[PDB]
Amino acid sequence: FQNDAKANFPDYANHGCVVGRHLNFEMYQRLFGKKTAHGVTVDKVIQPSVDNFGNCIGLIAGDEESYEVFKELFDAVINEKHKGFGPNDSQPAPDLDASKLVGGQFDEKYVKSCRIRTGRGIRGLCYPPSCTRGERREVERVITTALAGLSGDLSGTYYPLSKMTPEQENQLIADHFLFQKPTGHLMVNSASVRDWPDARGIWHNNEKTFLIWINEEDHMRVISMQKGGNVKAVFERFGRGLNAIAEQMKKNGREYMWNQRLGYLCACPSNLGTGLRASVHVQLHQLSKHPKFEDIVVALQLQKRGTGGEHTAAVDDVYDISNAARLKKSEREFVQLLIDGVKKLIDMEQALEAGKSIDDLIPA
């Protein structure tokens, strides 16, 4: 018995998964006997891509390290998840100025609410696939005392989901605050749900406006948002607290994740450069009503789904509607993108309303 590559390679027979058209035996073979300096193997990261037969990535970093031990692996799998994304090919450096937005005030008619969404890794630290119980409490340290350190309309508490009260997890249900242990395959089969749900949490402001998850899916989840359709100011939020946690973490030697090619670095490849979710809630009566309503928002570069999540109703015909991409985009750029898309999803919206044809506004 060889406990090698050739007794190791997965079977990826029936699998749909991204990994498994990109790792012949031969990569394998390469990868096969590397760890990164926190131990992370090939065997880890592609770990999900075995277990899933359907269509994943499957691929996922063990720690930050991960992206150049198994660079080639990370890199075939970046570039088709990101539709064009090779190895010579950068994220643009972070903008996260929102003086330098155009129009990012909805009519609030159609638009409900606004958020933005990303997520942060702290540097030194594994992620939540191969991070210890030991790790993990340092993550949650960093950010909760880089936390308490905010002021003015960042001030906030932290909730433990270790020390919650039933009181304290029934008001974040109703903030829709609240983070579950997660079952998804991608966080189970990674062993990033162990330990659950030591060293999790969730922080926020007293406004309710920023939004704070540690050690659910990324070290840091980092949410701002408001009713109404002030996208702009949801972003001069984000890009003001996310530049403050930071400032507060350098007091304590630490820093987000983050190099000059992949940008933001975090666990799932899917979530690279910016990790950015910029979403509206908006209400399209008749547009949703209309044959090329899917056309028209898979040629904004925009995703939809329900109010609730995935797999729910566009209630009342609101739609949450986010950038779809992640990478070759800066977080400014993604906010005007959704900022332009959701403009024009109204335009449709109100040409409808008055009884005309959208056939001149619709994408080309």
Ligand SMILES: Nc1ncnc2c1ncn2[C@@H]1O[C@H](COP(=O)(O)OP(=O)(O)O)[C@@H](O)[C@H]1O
The other form holds:
Protein chains: 2
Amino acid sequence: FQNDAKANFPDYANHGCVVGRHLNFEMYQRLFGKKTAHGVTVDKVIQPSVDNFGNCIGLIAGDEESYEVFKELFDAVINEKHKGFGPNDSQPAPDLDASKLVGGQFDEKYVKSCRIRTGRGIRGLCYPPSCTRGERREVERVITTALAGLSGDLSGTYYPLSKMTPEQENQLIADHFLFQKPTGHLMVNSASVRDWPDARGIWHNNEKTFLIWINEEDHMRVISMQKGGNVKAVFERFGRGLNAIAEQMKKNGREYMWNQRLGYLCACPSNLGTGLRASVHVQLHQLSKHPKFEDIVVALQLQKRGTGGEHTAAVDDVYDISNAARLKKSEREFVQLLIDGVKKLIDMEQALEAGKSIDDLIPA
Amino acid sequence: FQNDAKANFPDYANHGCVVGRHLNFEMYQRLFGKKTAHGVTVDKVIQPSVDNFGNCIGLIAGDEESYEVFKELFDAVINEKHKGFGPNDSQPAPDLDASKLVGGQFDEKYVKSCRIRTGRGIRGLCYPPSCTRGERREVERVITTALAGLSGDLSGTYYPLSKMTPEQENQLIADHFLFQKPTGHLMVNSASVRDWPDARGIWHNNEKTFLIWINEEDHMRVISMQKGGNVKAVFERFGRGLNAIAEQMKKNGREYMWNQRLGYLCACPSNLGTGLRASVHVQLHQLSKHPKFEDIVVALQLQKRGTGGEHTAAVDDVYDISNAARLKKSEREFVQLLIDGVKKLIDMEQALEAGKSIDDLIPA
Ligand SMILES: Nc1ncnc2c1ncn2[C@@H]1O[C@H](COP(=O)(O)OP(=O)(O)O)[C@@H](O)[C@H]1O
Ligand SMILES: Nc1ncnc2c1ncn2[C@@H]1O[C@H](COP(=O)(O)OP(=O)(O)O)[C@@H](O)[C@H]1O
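Write the structure block of the form deposited with the ligand bound for the protein whose form deposited without the ligand appears above.
Next comes the full complex, and the chain you just saw is listed first.
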């Protein structure tokens, strides 16, 4: 008996994962014995895809180096997932300049709130699927040390999950800032929830307009938010926050994971490039009952979902609309995509309100 | 930053695991960098204990070598779990001689069925927490190849979970021979359910008196059973089955995992020595309503539980009574422990049936 590639090749029958359609034995044999500097193997990065029979992606990176050592597998998946992204295609340079936005104010009669999120990795340390307790703790240390250097309207306080009081936990729940131990297949099967809640925590400023999660699904989850429809102001704080944290991190020789081709790196290939989801809560009483509604959203390159997030129902016809893509455009440009898209949606709503047709407002 | 033992030491506060009370930093530092020939680390074997806050054991072996490379941790836990087992204590030689049993027939008026189970590991291959798809498949191959050499009343057929038909699956469910993907903390947290159901299967003889599970929680789970109370006959088939399989395995240079001190090795320290649980279904209408019932069972060194197994209620006063221990006695002697114990229970029941006292039947 030999523990070789042939003996270890996954049985992808019945699976609906992207990986199974790209990881033929030819490729597996090649990648089988490879390892990153942190010991991440091909079996590691595909484990979730094997465990799950649903329509997953199944691909997860244990560390930054995963994207280079297992480049041909990630590129194949990335290419299909992000609807076209070859080996010579490159992510545009980061763009966090809020002042370059045009008309970043929404009619607050329809737009109730604005939210912009992204994820960062701390270079040198493994992603949650592979990180050790030591690494995870260093991630928390780096981040919290940096956050404590923030001032002004970015001044905040840190709430470690492992030292959280009933009173604090209760208030964070009411704020909807608390996160539980993940239970999703990708997180569970990738061993991303080990040692919970060791070195996990929540940070937020006094205004509660800037939220930070540590060691949840990414090293750092960044969230900027405001009531109303001033998306430009939400983006301005978003970029100013990321930059400020990065500046405090340089003091300790730490930086975000980023490279010319893929932009900001994270464990989940689906969230590469900008990892940015800009969204609004927008009320669309009439448009939502229009037969072309779902097609209009897709055409605008937006995504639609319930008020309570992914896989929830929309209450009082208020929808969570956001940019659908993550790659092939800069942050500032995705935010401009949301602006243009949402205003069009609002124009259509105001047409239906006046008993008019929207037939010639639809993206041809 | 250094990824050393100090940075990686588990925070055992709040935990009710045995490991936390033995794995002080002193020990952790020593074991931290160690590895078995299969790459099993200390972090691996204790991971479940860290993940779980309940009253677990939390210790699991990735391979056979785990018990030697991490000997001082396993010995500490084993010592406490099995109520006294020092470094110089030794498990008695295996004893599968059913003919050495005395009075192995139960009053079938009270004893409805008999069951005896154990677990085996195939030497050379890793336990479910650490095994690869290749290894797991080799385990299935070795076992099924051996089973196909069995004849007579040990002739049976193999039902691979990954090629199971609705009709077969339905019949196995009715027989209560099917096992699902484990969901318990120890199994989930130790990564023992990877690639389900790849290389998992069920084997049983025509009589349905001999059952075998492959790659569930152990490499091989062996179960002998009969209606009525002829425990001697159930043990006779049990031992004859284990020996026959071992004999077919030698043809291919394979053998069970076993050593002088710990007896038959398995991933779970709680099941070392004999890994043997001999049980009966015994109806105790009157005794079960006696205030001393639970104390009598413990004194007889037996265990009591519901008819549907662990954590179930007893229906019609029928209890699952079995030997409580796994170490410090031979198989044949645990079965004799069940015999002596159950007959005493039956004598007490027949006393209460006649309105007599059992005060002087109780183990002083
Ligand atoms: N524009 C918005 N305003 C207020 N809350 C929002 C907005 N967009 C999303 N949320 C909230 O964020 C939470 C997470 O949503 P989810 O669909 O998981 O997106 P993501 O995972 O990108 O945060 C949800 O409970 C939702 O209510
Ligand atoms: N003496 C017996 N006769 C018939 N069935 C039994 C007997 N003992 C246990 N069982 C059955 O075996 C199943 C597993 O029981 P469990 O408590 O998990 O013990 P184990 O894990 O050692 O098999 C249960 O559903 C139970 O009904």
